[PDB]
Amino acid sequence: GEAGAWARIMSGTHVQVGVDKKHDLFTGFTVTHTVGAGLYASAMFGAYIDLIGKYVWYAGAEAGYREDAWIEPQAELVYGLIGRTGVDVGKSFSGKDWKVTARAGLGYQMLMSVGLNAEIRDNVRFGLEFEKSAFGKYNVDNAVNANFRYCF
Amino acid sequence: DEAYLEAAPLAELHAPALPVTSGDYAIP
Amino acid sequence: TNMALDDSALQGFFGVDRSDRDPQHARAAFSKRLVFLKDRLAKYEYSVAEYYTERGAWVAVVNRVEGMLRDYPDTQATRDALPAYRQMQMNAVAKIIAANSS
Amino acid sequence: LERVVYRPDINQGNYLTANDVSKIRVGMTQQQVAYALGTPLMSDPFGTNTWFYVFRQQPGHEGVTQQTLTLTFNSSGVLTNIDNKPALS
Amino acid sequence: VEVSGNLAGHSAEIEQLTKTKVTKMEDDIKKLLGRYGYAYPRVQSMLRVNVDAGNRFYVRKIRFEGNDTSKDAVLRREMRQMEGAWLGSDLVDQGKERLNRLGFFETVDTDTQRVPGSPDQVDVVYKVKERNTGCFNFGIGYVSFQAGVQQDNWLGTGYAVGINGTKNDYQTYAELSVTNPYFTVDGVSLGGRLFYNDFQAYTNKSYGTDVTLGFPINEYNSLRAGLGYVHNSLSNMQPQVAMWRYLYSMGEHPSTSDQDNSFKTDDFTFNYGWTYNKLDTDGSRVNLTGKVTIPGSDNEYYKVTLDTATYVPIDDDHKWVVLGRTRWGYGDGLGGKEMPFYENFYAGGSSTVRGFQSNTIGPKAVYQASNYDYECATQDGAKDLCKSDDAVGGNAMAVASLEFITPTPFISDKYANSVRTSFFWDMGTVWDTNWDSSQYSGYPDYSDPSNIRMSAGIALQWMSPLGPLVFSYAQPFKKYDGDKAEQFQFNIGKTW
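Chains as they are written, first to last, in the deposited numbering: chain P, 1037 to 1048, 1061 to 1071, 1077 to 1087, 1103 to 1113, 1116 to 1126, 1149 to 1158, 1163 to 1176, 1202 to 1230, 1258 to 1300; chain C, 38 to 54, 58 to 68; chain D, 115 to 145, 165 to 216, 221 to 229, 234 to 243; chain E, 23 to 111; chain A, 271 to 289, 299 to 325, 337 to 432, 438 to 496, 504 to 582, 588 to 674, 678 to 682, 687 to 810.
Read the hints as simulated data drawn from the structure, not as lab findings. Some clues are possibly wrong.
[Stated by the list, open to error] Chain E is faced by these chain C residues, among others (derived, beta-carbon under 8 angstroms): (1) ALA45; (2) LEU47; (3) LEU50.
[Stated by the list, open to error] Now the in silico label distances, taken between C-beta atoms and shown as ranges: (4) A:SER379 <-> E:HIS83: 22 to 30 angstroms; (5) P:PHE1113 <-> A:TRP627: 47 to 55 angstroms; (6) C:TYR41 <-> E:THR51: 45 to 53 angstroms; (7) A:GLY781 <-> P:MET1258: 36 to 44 angstroms; (8) P:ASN1290 <-> A:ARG421: 51 to 59 angstroms; (9) A:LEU641 <-> P:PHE1082: 22 to 30 angstroms; (10) A:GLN495 <-> E:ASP31: 53 to 61 angstroms; (11) P:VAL1272 <-> A:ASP622: 34 to 42 angstroms; (12) E:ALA109 <-> A:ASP383: 44 to 52 angstroms; (13) A:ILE519 <-> E:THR51: 48 to 56 angstroms; (14) P:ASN1290 <-> A:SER557: 20 to 28 angstroms.
[Unchecked claim] Below, a sample of chain E positions facing chain A; criterion: calculated Cβ distance under 8 angstroms: (15) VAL27; (16) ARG29; (17) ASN36; (18) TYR37; (19) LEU63.
Just so you know, even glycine gets a beta-carbon here, dropped at the ideal spot from N, CA and C.
Next comes chain P alone, as it looks inside the complex:
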């Protein structure tokens, strides 16, 4: 649909509820109880800009700039002053029975992250997230998250 809403639980706890709309242009906002809030929007510039800013105590904003594969340098402004500065990469694949998005990036506060978002033309769906970090303001040793869905 052109518009919708979601909620998410974030913990190593903050609870986010938000709403967005598809207009490339996509916009939305969130309110997160720890009460904070923030706004985001992204659009094509095959480069894109994704502008996200919030106060939730975290305070700051991220931005960057990105044709079946891409490199998207990103940086953020942090108030009171360590954040993620780095370059994300990824590649899109498709076929008659499926679509896959491969995401990854590297940066520093050392930060590395990967993930996979894939769907099959049938009932099967896959996804994976993982983050690793060291030597900055936070350190992630293992954040493996992976799942799939099947329907008959």
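Here the structure of chain P is known, so what remains is to put chains C, D, E and A in place on it, guided by the hints.
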């Protein structure tokens, strides 16, 4: 794939010393 | 021949029949290739007969059975289709049952 | 147990009424009878020129009532005889 | 009105129903006659009405199109028009509706066909399209794992199957539930489940089984009951007044503040219930259930429950309808026993009184190791009389609410067909049995039902494909004993 390989014989039942029959789905 | 409509990955894997699924596609498939279809269709008609036999609509069953006897004289169903209706006094039938016993 | 379980109505066979059966006569032809009564539902599996009619009703959670009609025809399709079973035995 | 033509023996009913209204009457006449074999009567009018009833028609065969997946026997289960019988259109529309009710499809359609071999013979044709029977949900995360499989119609064979396997450190559990809705040809259903569960710190281990048989008694209501049992071994739980009363009444006397304790039983019960089904913002549902122990059980107890809801239109234009809900029930032990702790219930939250916190309603905990917190209940911390704020549930409860639904296309919506906004008011109470107000006098009487918590506010009713998003806000009106409130509550069902 091999189920059809049963090839059971298509033997007809004989009449007792006559049921109604038709000619549809004939074997040529 | 479009036999793809008489199977599926799941129905195939577990070794089960597809004879009690919509048979119209197999009829279209009809166009010793016809022996399989002869019995796949007769099983359908038989299964319907059994459903109504248990439910008790045996008159419709009798008409379906006569359809099977007329149109498919050489299938296994011809024996399988022989019987709920026998609760009613009928001028029996017995001659064909005995003549083709085996 | 079964005798107190809910059951939908069972309706089998063709409709019968005295208004039509009392009008059937020997010498009446199959076309006339078929018009008066309607298309037969049962016939002889071996082609004997005879018609059978059955009117069976069993209301849900009740017993069954059934009436039958037997029509004997000659080789020309002209009724030669007739019988009837108003109730089951 | 003058009535003439080739009239049926039911013409008395034509006069009775008759005596755009004329067109409707004609259609009502055709509807009537369609129950007596007249598939295609024709009525003209001038009032004079000329009815040509026509002949009586019979159905030669009934066949289905489009089902390449499920058994033929399943679709024929909900027909009322029989083969080799006179046609009745209501018997076909009821069949279509019952199929729509069960929902084993993507699409459903029906038609009526003429038999080319004779003008008075017809066929009835149903056509379906089908969708997924259910899903497999799998997921693991950094370390816990949960997965399960459920289908409403196993391989299109008529069975409902659900598998739940959850693996974790603090708790692991599983459930398997299988039901055959058609054990017998008349539609008698039979099924049951096996389960295992546990809890890690208190600690618990449990498992059991339950098999229930049920059957319809009329068109829309049904009765169910069956038998089962559970083994439950509870240990390493902090001894407390609710627990001291429960265990002591049974002869179980653990040492005060001795948390390293245990008690286990094999409890065999009989489960039953009955459901009312008034289907439709209208209709109503009534679920009356309960269970009792049997002589072979280690514990002896009973529980009774009720869960009902009814739509009651207020305005004659259906612009204001109130949906009432009632929850009620209680239980206790037999023969001097009390209700086991794990069979005791809580109340509170967005499902009960929307102004109060989840699982907050009712009595609070009253009272081994220490690493210093809660010192008065322990043996190594402090030895004193504890008066905690932690709810322990109760033995009996009642909850009620009224939801007031009006259209709002002139305030915030255009369609009012997806997520509705409604006003509600609610109330509910939980209390204990066998509470001794004399040993504990500086504490509330926890057997007094009059300490009724109530609230009111606005809730959303989601029907949208977006999912089961549950949001409500309500303010509490009454407090009695440190009642912990939460005016704004929400969650998501994570399904649809």
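A quick look at each hint next to the structure:
| no. | hint | verdict |
| --- | --- | --- |
| 1 | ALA45 | violated (25 angstroms) |
| 2 | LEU47 | violated (21 angstroms) |
| 3 | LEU50 | violated (13 angstroms) |
| 4 | A:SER379 <-> E:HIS83: 22 to 30 angstroms | holds (24 angstroms) |
| 5 | P:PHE1113 <-> A:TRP627: 47 to 55 angstroms | holds (52 angstroms) |
| 6 | C:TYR41 <-> E:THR51: 45 to 53 angstroms | holds (50 angstroms) |
| 7 | A:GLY781 <-> P:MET1258: 36 to 44 angstroms | holds (38 angstroms) |
| 8 | P:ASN1290 <-> A:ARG421: 51 to 59 angstroms | violated (39 angstroms) |
| 9 | A:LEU641 <-> P:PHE1082: 22 to 30 angstroms | violated (58 angstroms) |
| 10 | A:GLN495 <-> E:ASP31: 53 to 61 angstroms | holds (57 angstroms) |
| 11 | P:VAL1272 <-> A:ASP622: 34 to 42 angstroms | violated (49 angstroms) |
| 12 | E:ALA109 <-> A:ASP383: 44 to 52 angstroms | violated (33 angstroms) |
| 13 | A:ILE519 <-> E:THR51: 48 to 56 angstroms | holds (51 angstroms) |
| 14 | P:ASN1290 <-> A:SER557: 20 to 28 angstroms | violated (43 angstroms) |
| 15 | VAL27 | holds (6 angstroms) |
| 16 | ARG29 | holds (6 angstroms) |
| 17 | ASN36 | holds (7 angstroms) |
| 18 | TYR37 | holds (5 angstroms) |
| 19 | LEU63 | holds (6 angstroms) |
Checked against the numbered hints listed earlier, the structure breaks hints 1, 2, 3, 8, 9, 11, 12 and 14; every other hint is satisfied.
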